[PDB]
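A.B. asks: If you want the building blocks of each chain, they are given just below.
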Amino acid sequence: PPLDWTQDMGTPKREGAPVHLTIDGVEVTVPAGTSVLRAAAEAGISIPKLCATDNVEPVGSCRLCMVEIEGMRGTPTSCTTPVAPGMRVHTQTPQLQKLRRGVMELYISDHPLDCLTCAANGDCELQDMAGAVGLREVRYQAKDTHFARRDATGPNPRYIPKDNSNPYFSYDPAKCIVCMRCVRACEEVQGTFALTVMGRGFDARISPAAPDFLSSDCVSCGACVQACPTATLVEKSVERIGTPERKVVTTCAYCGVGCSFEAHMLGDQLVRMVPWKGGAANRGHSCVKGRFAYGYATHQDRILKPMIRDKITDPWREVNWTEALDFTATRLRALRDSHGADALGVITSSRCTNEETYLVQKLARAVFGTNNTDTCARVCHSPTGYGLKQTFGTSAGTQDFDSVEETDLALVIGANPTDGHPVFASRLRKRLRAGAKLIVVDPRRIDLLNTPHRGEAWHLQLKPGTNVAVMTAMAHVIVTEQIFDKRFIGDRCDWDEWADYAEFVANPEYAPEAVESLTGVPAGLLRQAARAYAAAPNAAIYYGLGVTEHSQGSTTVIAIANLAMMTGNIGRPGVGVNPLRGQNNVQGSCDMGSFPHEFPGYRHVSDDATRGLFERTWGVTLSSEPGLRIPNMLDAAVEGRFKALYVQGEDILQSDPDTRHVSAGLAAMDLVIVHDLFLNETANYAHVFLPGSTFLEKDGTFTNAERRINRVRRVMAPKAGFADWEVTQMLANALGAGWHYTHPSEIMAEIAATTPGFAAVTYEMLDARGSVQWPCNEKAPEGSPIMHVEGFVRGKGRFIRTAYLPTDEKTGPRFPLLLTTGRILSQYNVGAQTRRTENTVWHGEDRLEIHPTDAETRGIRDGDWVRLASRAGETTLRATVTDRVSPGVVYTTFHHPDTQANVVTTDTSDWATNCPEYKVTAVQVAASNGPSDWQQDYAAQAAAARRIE
Amino acid sequence: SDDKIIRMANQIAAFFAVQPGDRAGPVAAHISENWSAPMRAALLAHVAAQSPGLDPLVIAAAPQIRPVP
Amino acid sequence: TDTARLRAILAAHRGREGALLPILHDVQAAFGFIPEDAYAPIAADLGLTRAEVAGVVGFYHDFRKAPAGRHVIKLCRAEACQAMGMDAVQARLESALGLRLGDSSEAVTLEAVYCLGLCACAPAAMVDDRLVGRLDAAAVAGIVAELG
Ligand SMILES: Nc1nc2c(c(=O)[nH]1)N[C@H]1C(S)=C(S)[C@@H](COP(=O)(O)OP(=O)(O)OC[C@H]3O[C@@H](n4cnc5c(=O)[nH]c(N)nc54)[C@H](O)[C@@H]3O)O[C@H]1N2
Ligand SMILES: Nc1nc2c(c(=O)[nH]1)N[C@H]1C(S)=C(S)[C@@H](COP(=O)(O)OP(=O)(O)OC[C@H]3O[C@@H](n4cnc5c(=O)[nH]c(N)nc54)[C@H](O)[C@@H]3O)O[C@H]1N2
Ligand code: SF4
Ligand code: SF4
Ligand code: SF4
Ligand code: SF4
Ligand code: FES
Ligand code: FES
Ligand SMILES: [Mo+6]
Ligand SMILES: [S]
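In order, the protein sequences belong to chains E, H and C. First residue of the first sequence? That's 7 in PDB author numbering, and the numbers climb one at a time after it. First residue of the second sequence? That's 2 in PDB author numbering, and the numbers climb one at a time after it. First residue of the third sequence? That's 2 in PDB author numbering, and the numbers climb one at a time after it.
A hint or two may mislead.
Unchecked claim - One-sided and incomplete, this derived list gives chain C residues near chain E with beta-carbon spacing under 8 Å:
id, residue
1, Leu49
2, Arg51
3, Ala55
4, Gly59
5, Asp63
These are computed hints drawn from the structure, not numbers from a lab. Each residue gets a CB set at the ideal place from its N, CA and C atoms; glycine is no exception.
Please take these sequences and the hints and turn them into a complete structure.
C.D. replies: Structure follows, in structure tokens:
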């Protein structure tokens, strides 16, 4: 496999013509711009380096990578010296030895000898380059130092005390060499210039412009840490616990980017998690959540033994597996005989692997005898899988994340990648700072707009709901003018439909000059943006929940694909229509069924040819009718004819709308099993409980947004004794199915056998190749990094006439304001995993981003308590005045349960997939003191229900 | 006091109305590919009972819906 | 009122290429130093980060981090001025004011500049924007006389 993975080369990889040279008498062939250091690395001949890292561009600060080159004068650096043909370089002479020793002498003259009781012992790039070069003596009787607390005549002014304000890493500048990798990383890699170099010379100290890191613009992500060689910036878990020995590759249980990590391990104790320099998803970068937040797996509040109640009012009872499963299966069979098999159901968890997903949908189809399964994707990116299906042929992405590197423009509708998908936003900013352009269509100023060194930017700050009107107007502009690509239309799409679409869109009613009234966006700006999008060579669209979660989501997605096909930004690296999937293995989940209308492979359920295959493979009779969806489940159970539910890894209460309704529907249910780690809000209405396992204890795969199948490994051991697939088969066999699995490799084999695309998938492949894109059959064996590269899947694109339907959640006197729900970087959706960490620092309370002018007349001030008097409920929350949002718009966050936010949220949903209207809700923000009438009862219930016996 | 089912039907109709060509076939196809047995039955009962607050397109599309066992 | 001045300054340097240095110059000329209260808006206007600004401010010497006395006295310590007896001058002056090199006050502020172009008129100084040369141990009396 590549060397980039295991070895830290010096400089980044360059593209160009081959170039031959002789490093220390060894022939090497490498691209042109490639340095001497990287080449020498590729050739095995190692050169002493401290300030050079691949993540970033090289800088001649250490001066320790000096080499003698024929045809040059002196001892130039390899970090900065690009190769040239016929170049002959010498790496180790007496001269160079002397100089390097001298340089290290100078370094160490200002370094403490706290090795042997420093955190980074065994992992300091200074120590090992001080032993390499051959340092044996320091001759400078130093007086001016940075580490010495006590100088002569008194305290050292140069001494800067430690800074442990951050709960995850610490800054001890006493040990700082000024290589500046920290800076270079926060500025090149991440893209938030939080670090600088205060001073000129010896007085130069790294610093964030603030008393402490926390107060700064530094969020986290330990890039600064991953790059610091000298324990100045160090993880605390390495201070407390020792320095690790082994490494194990896994993936993050978040964000759907698939940021691959390598967990460093000292025995069985997890010391830290550090990115791998693998995965096209993350090239050695991360966020705070993945890098640091893995402490939920060791929280006291985690549950390790099954529990049964037999009545929700009654307390729990810690119980073993057998009798629990017995009780479970008994009640299940009872209900199955009484109300029918359609009176059951499951709820898969994206957070889980695809293997467990497959098992669960089997359990729901093969065993229970129904099609009533579902997952989190009904509410995140279902409309997507309808629109892109009606247009292209796939309910999935179009490109990788490496494509953005090649784009020349980014159009972002309904997304906040800095909080949602950080590692993607980094790569986006890398391109923005390199000239590319940006259009943003949110009503809420996102931090992607205020990125540093940004190029050009347009911002369409519209009114939420009006997202299709804007697209239609864009298309109207493009068609009124003549900017679109005709070749593309004639070739890859149809013409009969293009004519109709053009004649539809060309209407002056869908023009920017009219929509400006209802939309709120200006006209000229829109025209400009459209021209800019249509003009660019390679443009790319990245959309999220601003389009989907609405009364017109499928419609919008369709409109978007229409634009993308019209302009010609499809079937090429640098362009596409990329939806930003959220949870891990949402894609995997949807691919492995987890929908009540399909089988694994997005194959409908009414297809006899497929039902036959599966009846044969599972040896059971299946149903041809499609099952219920979550809202349907709840309405049913309220009405009856639904009595059972097996909730895997999901919080249907806090993470679903019309909380009152869902609660009332969850209560009227003779049995609702739970299969989470902790005692969630869902378990307040439960009868049963089964522990699950974390991604650290599991083994399997995760299918991310770019269709990549990352592999998940086992580092710890299941505290509850059994992972989730184990539990699933336990339950199924206990019911009477009779499966026998000993390793999920067998399951992946089953899948490869049943569904197409995964036919070539094998764990060994994932281990060797590193990762795979799931369309991997005998055709496209390596994988399919880009979809629709040669003609569309259905064969021909399809143009569809979209129109703007006025939403039913319009505003009035008593509900004048609007509402929006969204996200934060530190905390995940409900924070069951995250509130149980030290990330309650950046965000420990949910807050309401209200506008000032919309607050003055109300009497709001920052830090005041307010109430959201909506139609579907009422809630109390702390306020925050900000010009981020537009007037007549409000923004909330649902990460905390102490605040009940989805109770405000209304039942209104998409037309196709019934994804709810989260991003729109008519509310009334007013001032108040008494918290609420609902929150009180909720807490009462939760307290009277989370008690054990 | 609108039925969620009627609401969803009218939504689907509102969409497929602007489409070109067969505007009912697709409606029926969607409702047959996506909805379940009891729901379809309820809908058909509504259309047969001629309940108000319902689009004529759905009335036209109902007979074409996948039948219920 | 400071915000207004700062905004004015920023407006005056709008659209320029690499306008951080001029803007800072002007901000300093206005107040007398770069207050940390004015690291942010600059960044906001220029699309930078507070950090970059503070780093720039920290690197260069001519940007005051704290204000000076009513008067200021820069005194070359370079080669040439050293040759023609700068040490003695320095001594006399710092005895007069009682303020050593680099040590400031509310009254005055003695500091070094490391050249002024007065390399022939070796002993040179800048007192309150007025250049002086041929500073023998007598002219220092006149230097201090106009300067309490
Ligand atoms: N740290 C962290 N990472 C996460 C998550 C998290 O909670 N925390 N969530 C995970 C998951 S499950 C999710 S869904 C993904 C994706 O999550 P995202 O796709 O990032 O969705 P949001 O951040 O809620 O909001 C998207 C933007 O669109 C705006 N918007 C609101 N109404 C409209 C409208 O009518 N039109 C338009 N054009 N825009 C509108 C919203 O206000 C917001 O600015 O991220 C995943 N990653
Ligand atoms: N107001 C509002 N509401 C929303 C949204 C919004 O933006 N605004 N977003 C919607 C969308 S984007 C989505 S994705 C949903 C997501 O919302 P949720 O469905 O709440 O997903 P998570 O927060 O991951 O938590 C699900 C549960 O599974 C548990 N779990 C984690 N890992 C494992 C594992 O390995 N095995 C097992 N057995 N269990 C595990 C977690 O501990 C947690 O309790 O929220 C939706 N609701
Ligand atoms: S940072 Fe490295 S060289 Fe310095 S004391 Fe720690 S282990 Fe030793
Ligand atoms: S942790 Fe990340 S954001 Fe914070 S200073 Fe380091 S590189 Fe910058
Ligand atoms: S903090 Fe670490 S990475 Fe940054 S300059 Fe100091 S030693 Fe180098
Ligand atoms: S960016 Fe997303 S996938 Fe990567 S570490 Fe952060 S949460 Fe995990
Ligand atoms: S070694 Fe190349 S400059 Fe630091
Ligand atoms: S050396 Fe002081 S004047 Fe130039
Ligand atoms: Mo989601
Ligand atoms: S999602």
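A.B. asks: State for each hint whether it applies.
C.D. replies: Here's how the hints hold up against the structure:
no.: 1; hint: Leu49; verdict: holds, 6 Å
no.: 2; hint: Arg51; verdict: holds, 5 Å
no.: 3; hint: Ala55; verdict: holds, 4 Å
no.: 4; hint: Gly59; verdict: holds, 4 Å
no.: 5; hint: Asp63; verdict: violated, 12 Å
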